[PDB]
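> Spelled out, the chains give:
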Amino acid sequence: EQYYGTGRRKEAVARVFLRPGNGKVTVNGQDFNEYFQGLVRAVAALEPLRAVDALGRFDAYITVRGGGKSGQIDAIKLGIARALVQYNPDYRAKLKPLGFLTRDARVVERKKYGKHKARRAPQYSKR
Amino acid sequence: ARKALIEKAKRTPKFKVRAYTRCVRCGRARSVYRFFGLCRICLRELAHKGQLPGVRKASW
Amino acid sequence: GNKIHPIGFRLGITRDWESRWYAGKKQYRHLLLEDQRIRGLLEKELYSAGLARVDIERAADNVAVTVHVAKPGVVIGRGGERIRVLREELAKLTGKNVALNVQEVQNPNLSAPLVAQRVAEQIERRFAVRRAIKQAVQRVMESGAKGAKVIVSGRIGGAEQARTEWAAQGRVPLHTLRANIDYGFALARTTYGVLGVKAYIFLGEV
Amino acid sequence: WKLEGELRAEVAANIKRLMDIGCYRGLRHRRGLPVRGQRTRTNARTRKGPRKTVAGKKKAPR
Amino acid sequence: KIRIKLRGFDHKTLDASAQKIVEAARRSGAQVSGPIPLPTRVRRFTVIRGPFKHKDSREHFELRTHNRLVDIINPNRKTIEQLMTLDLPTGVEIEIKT
Amino acid sequence: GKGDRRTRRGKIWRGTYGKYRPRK
Amino acid sequence: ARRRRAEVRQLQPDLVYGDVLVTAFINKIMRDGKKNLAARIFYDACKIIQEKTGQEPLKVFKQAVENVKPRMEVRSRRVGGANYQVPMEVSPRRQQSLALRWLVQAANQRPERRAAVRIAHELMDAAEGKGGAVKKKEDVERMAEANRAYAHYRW
Amino acid sequence: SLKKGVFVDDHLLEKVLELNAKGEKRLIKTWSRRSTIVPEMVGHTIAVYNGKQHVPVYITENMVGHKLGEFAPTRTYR
RNA sequence: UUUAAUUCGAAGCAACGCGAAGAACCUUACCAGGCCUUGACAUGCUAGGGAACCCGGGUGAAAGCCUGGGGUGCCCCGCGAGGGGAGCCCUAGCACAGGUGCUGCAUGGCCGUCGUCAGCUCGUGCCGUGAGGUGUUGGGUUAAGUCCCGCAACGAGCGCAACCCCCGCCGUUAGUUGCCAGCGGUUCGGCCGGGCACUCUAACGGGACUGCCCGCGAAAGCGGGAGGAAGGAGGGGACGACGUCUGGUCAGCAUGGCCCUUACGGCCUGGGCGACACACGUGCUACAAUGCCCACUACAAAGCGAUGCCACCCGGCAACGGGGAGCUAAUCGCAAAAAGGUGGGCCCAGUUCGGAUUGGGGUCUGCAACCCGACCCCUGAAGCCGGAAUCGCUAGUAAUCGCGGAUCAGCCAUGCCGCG
Ligand SMILES: [Mg+2]
Ligand SMILES: [Mg+2]
Ligand SMILES: [Mg+2]
Ligand SMILES: [Mg+2]
Ligand SMILES: [Mg+2]
Ligand SMILES: [Mg+2]
Ligand SMILES: [Mg+2]
Ligand SMILES: [Mg+2]
Ligand SMILES: [Mg+2]
Ligand SMILES: [Mg+2]
Ligand SMILES: [Mg+2]
Ligand SMILES: [Mg+2]
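Residue numbers (PDB author numbering), protein chains in the order written: chain AI, 2 to 128; chain AN, 2 to 61; chain AC, 2 to 207; chain AM, 64 to 125; chain AJ, 3 to 100; chain AU, 2 to 25; chain AG, 2 to 156; chain AS, 4 to 81.
None of these hints come from the bench; they were simulated from the model.
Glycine included, every Cβ here is placed at the ideal spot set by N, Cα and C.
Please note that a few of the clues may not be correct.
[What the hints assert, rightly or not] When the alpha-carbon atoms are kept at most 30 Å apart in a straight line, the in silico DSSO-like pairs for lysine-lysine are as follows:
id	chain 1	residue 1	chain 2	residue 2
1	AC	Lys26	AJ	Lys57
2	AG	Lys131	AG	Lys70
3	AN	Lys15	AS	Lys55
4	AC	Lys147	AN	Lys58
5	AS	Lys6	AS	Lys32
6	AS	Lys6	AU	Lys25
7	AG	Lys35	AG	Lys70
8	AN	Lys58	AJ	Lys55
9	AC	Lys97	AJ	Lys57
10	AG	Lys136	AG	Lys60
11	AN	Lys4	AC	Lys27
12	AC	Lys93	AC	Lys27
13	AC	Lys93	AC	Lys72
14	AJ	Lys22	AC	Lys27
15	AG	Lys48	AI	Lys25
[Said to hold, decoys possible] Where chain AC lies over chain AJ, by a calculated footprint (3+ residues, C-beta under 8 Å):
id	segment
16	3-13
17	79-93
[To be verified] Short derived list, chain AN residues pointing at chain AJ, Cβ under 7 Å:
id	residue
18	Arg45
19	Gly55
20	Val56
Generate coordinates for the entire structure from the input sequences, incorporating the hints supplied.
Quick look at the structure:
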């Protein structure tokens, strides 16, 4: 019935549940394109469904928390791949050639004293 | 003006405003953290000895 | 300007607090202040006793002070009259009731604070520094240290030009965080001002 | 409400009125500088024109 | 039904108390909601290393107040008996609600 | 912009509320 | 830098046409990480290529890029007193990068007021062998050649 | 600007107001720059300290909302 | 430069949003003026009084000077007269205190800096009359004196790295204040039953090692590949060798020496550190259409708070004010995140760009906002992208967008340290 992947990216966490069906997709109880409305990049979320043909063959109940939409989009891209590799282990030999099962460790780097913001150094003068 | 200024800081006077933080070992009047009652020098000096309970070099 | 406090650098790991109580924002201020008037008083009165630490625990708002001395004889008294007044002194200056326990520092030659104090005391009494230093380090190592360092600051022998005579034996891996390097620091007050003394004793790993 | 000219009028009057027995604020206006407590050591270029570069200074020779 | 809240700076000796105040409470025959780790509040102190002049270079300290929650969900007199008498606190603060 | 108090952004910026950034 | 050749960043393909070359260009349109605006600007602009021709924007896009790539550039090299602008080849990679940047840089010199129109027309003009991007590129081969005399320092 | 009270100091207010039990001289040294000028105190020459000296300010109805300091520059030539 | 004073220090990098993580009074070290002297503070000795404490009266700007009252618990001779008495407090005398007065080449401590650069040494041997050399010159390799090979050296130490924290994958423990997948119910917001699965929280663990495969190489290593959340130091911290700089700090503290003693000490009121013809550093806001305004609608993290965060009403255009829950806070609050998205307005204009300056009328803190506070509400400067020059950054970096904190009554924070 219900397949699961946890998706995380950059302080975003995506609880992702996959069922079979017509093709519908909900994020925090909203339609996917109402939630991610106007964000050119949103579609990237489902890119792991297209990688196994199986787009419309699934319905997905997604909850998402923390971060911003684009992290959430990425987190969802990971949940969705984790979820479906869950219910068919072979969806992995063709899903790992793309990055879909990687987490993406890239995170805001820490502000450091003496710098203005991690690397950006104060302007230096001499004269 | 120092010994008598660490003293006049303890007496509490006309107008509540005139009172000020003032470090508890150093008489220092600047950079005293109200949690510890200590100057930022004082706090470092003690912190390193393990005499501020709980207090540790932070790193993240 | 460098080398951080080998104690401060350890704390969670390898080496423990000298005061372990809890207090919230409203309280810490006042208990810390006490701690300090406590340590301060014991720091001068128990000089002759060679005190290394003054650990301070605190529970049901009641205060136990362990004084880790080399010479409990001196803190105690004949049949304990001195420690009497000491328990009463603390009580005078704290509005409270304070346990004051002694604890013999088993080997004083592995107590960095003491080694340091001893060299400082030696200097205060016009002893040759280089030799005093070198000997302190022999004592430490003889007492089974894996390594030891001692450093006298400047105005050695009374000079105009301040200096810094160091001297060391064994390992003193200051960057190594599992090490357990006791560290200690006493003054020499002299006719010619202050010299500071640092001792590092390295005792073992893990 | 009033309003162009019969407003200009009012403003000037206020300021000239501020010369009175001469408040600090009333100097300042006379003097060209800013009124409202501002730093004159570095800015105030709105209340003075652009920069009158009356200069001359370096260090000690021998 | 009894909430006992444990604060501490040392997380090793907080946990050691939580476990103790549970070990003994189950031994009074009370059911206990295992010691729950509540989030840590952290207090940074960021301080100039030098006494005088050196506004860049500086050292971060933190004072991590740990928190543990413990519910004993149906409590005996025998249960109140062990707690309001049989103690082990050094640098830990417990406080009791209902 | 951020220097105009009499707007949304110059209010946010200054850290305040009024006729041009009402408290919710 | 000094140790090694440095890895060239593989851009993620485009979400519409699936072209890595489109996200490059988008990344040049992008200002202050406002990538939505950027891609939103590039796609409007692709629709302007519809309204003003029954051609696919991708085809015409790819054609502008091909006409703004330079063949050779003067690259500054130093003798030790006076300096010579020396002519030499352009890398494949550098070409692409130059092409897209000029395109954008050129597009924003333009006098129309919306960006999407600016980018569309400048794309149209460049695929028709003559925008302001193409002058830049021309200027650059007319800077080589104007200096073909010094092509014997080819570094 | 205050708005409950007019924050004038009483040592000033009294030396002033007893003085209008039939009007007298004006050797009225004060230090309270702080103090607002009050209605009808027009006529009193007040000697307001400016850090150095007391500078006699002749008072008048056009200047009531103003503190006394306002008419005694603390700093000399600009 | 000026001033009565504009206290003091920092001076290429490594002084100049630096000490200062909060200058109206306080701070405060300076100026003026008014006041105090065994002193605001300490240790102790002599003495008549007083001996705790607490209240008003004059004179003052306040300090202060002068004043007049309420009124002795305590050790103890005692059943009391009366009388010893120790704390404690004022008067005078004696020792002494006080000094942010000088010296950072008299110092300690701490810091900067070369530089996280890859170095700096030692023990014994051997070479050299010797200073010294070898080791640590060479070849390869590495982020690295990292490793390999070689070699009159064989080892070792301080450094590198590792051991420590954060971030990334997973597991075990735990299930409230946190979560809500499947139920059941429902005043919709997990609100109630249930449940801890997932998310979290936070404590302990696992996991990466060039381990495996291919190629090159004598080796160390390198190129590539596979698996894996993650490789080739996974990304960030903490961490700074022997030493350098007669570096910085006597104004945090300590300290030798020098100096002040009805004053160079101490208290106050006011002024000043905020001055402005200039010059420089670091920043902020901009010059706009990839923009600006207004409405509506989202998606964070890390912090902070019970004389404090303040929900929610109401009044007020509004700052704020009246009410007034909740919250010892994974509970309640600060909290709106902004940029984004959706509507609409602007139409290239010194403008619906930009918000300086100035006038008024308000609010709040505080004894008090004149010098000198912030905030709210009704003039609209320069500026059309900046000369010579010059800075930052190699990836979740720069760029841009907001959020929080320390100090703090308030705030001149556009700074700082953090968070996304
Ligand atoms: Mg950022
Ligand atoms: Mg600098
Ligand atoms: Mg204050
Ligand atoms: Mg700075
Ligand atoms: Mg505007
Ligand atoms: Mg000085
Ligand atoms: Mg020096
Ligand atoms: Mg100097
Ligand atoms: Mg010097
Ligand atoms: Mg200043
Ligand atoms: Mg103009
Ligand atoms: Mg224009």
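> The structure should be examined with respect to each hint, and the outcome stated for every one.
Structure-based check of all given hints:
Using a Cα cut-off of 30 Å, the hinted pair AC:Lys26 and AJ:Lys57 holds, with the two alpha carbons roughly 27 Å apart. A threshold of 30 Å between alpha carbons decides the hint, and for AG:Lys131 with AG:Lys70 the separation of about 13 Å falls inside it, so the pair holds. For the hint pairing AN:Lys15 with AS:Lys55, the CA-to-CA distance comes to about 25 Å; that is within 30 Å, so the pair holds. Between AC:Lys147 and AN:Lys58 the alpha-carbon distance is near 26 Å, which keeps this suggested pair within the 30 Å criterion.
Restraint check: the Cα-Cα separation between AS:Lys6 and AS:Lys32 comes to about 27 Å, which is no more than 30 Å; the hinted pair holds. Distance hint between AS:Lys6 and AU:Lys25 is fulfilled; the C-alpha atoms sit about 28 Å from each other, no more than 30 Å. Taking the CA atoms of AG:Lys35 and AG:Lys70, the gap is about 26 Å. The hint holds against a cut of 30 Å. Simply put, AN:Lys58 and AJ:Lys55 have alpha-carbon atoms about 21 Å apart, close enough for the 30 Å limit, and the pair holds.
Between the alpha carbons of AC:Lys97 and AJ:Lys57 the distance comes to roughly 41 Å, so the proposed pair goes past 30 Å and is violated. This hinted pair checks out: AG:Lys136 and AG:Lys60 have alpha carbons roughly 21 Å apart, not beyond 30 Å. This hinted pair checks out: AN:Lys4 and AC:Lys27 have alpha carbons roughly 27 Å apart, not beyond 30 Å. Restraint check for AC:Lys93 and AC:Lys27: the C-alpha separation of about 24 Å stays at or below 30 Å, so the hint holds.
Using a Cα cut-off of 30 Å, the hinted pair AC:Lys93 and AC:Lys72 holds, with the two alpha carbons roughly 24 Å apart. The suggested pairing of AJ:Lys22 with AC:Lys27 holds, with an alpha-carbon distance near 28 Å, which does not exceed 30 Å. Under the criterion of a C-alpha separation no larger than 30 Å, the hint pairing AG:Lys48 with AI:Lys25 is consistent with the structure, at around 29 Å. For the segment 3-13 of chain AJ, the stated coverage by chain AC is satisfied: 4 residues place a CB nearer than 8 Å to a CB of that chain, which reaches the threshold of 3.
For a cut-off of 8 Å, the count of residues in the segment 79-93 of chain AJ with a CB near a CB of chain AC stands at 4, and the three-residue condition holds. Annotation: interface hint on AN:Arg45 holds; nearest CB of chain AJ at approximately 5 Å, less than 7 Å. Given the 7 Å rule on beta carbons, the hint for AN:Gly55 holds: about 3 Å separates it from the nearest Cβ of chain AJ. Using the Cβ-Cβ criterion of 7 Å, the hint placing AN:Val56 at the interface with chain AJ is satisfied: the shortest such distance is roughly 5 Å.
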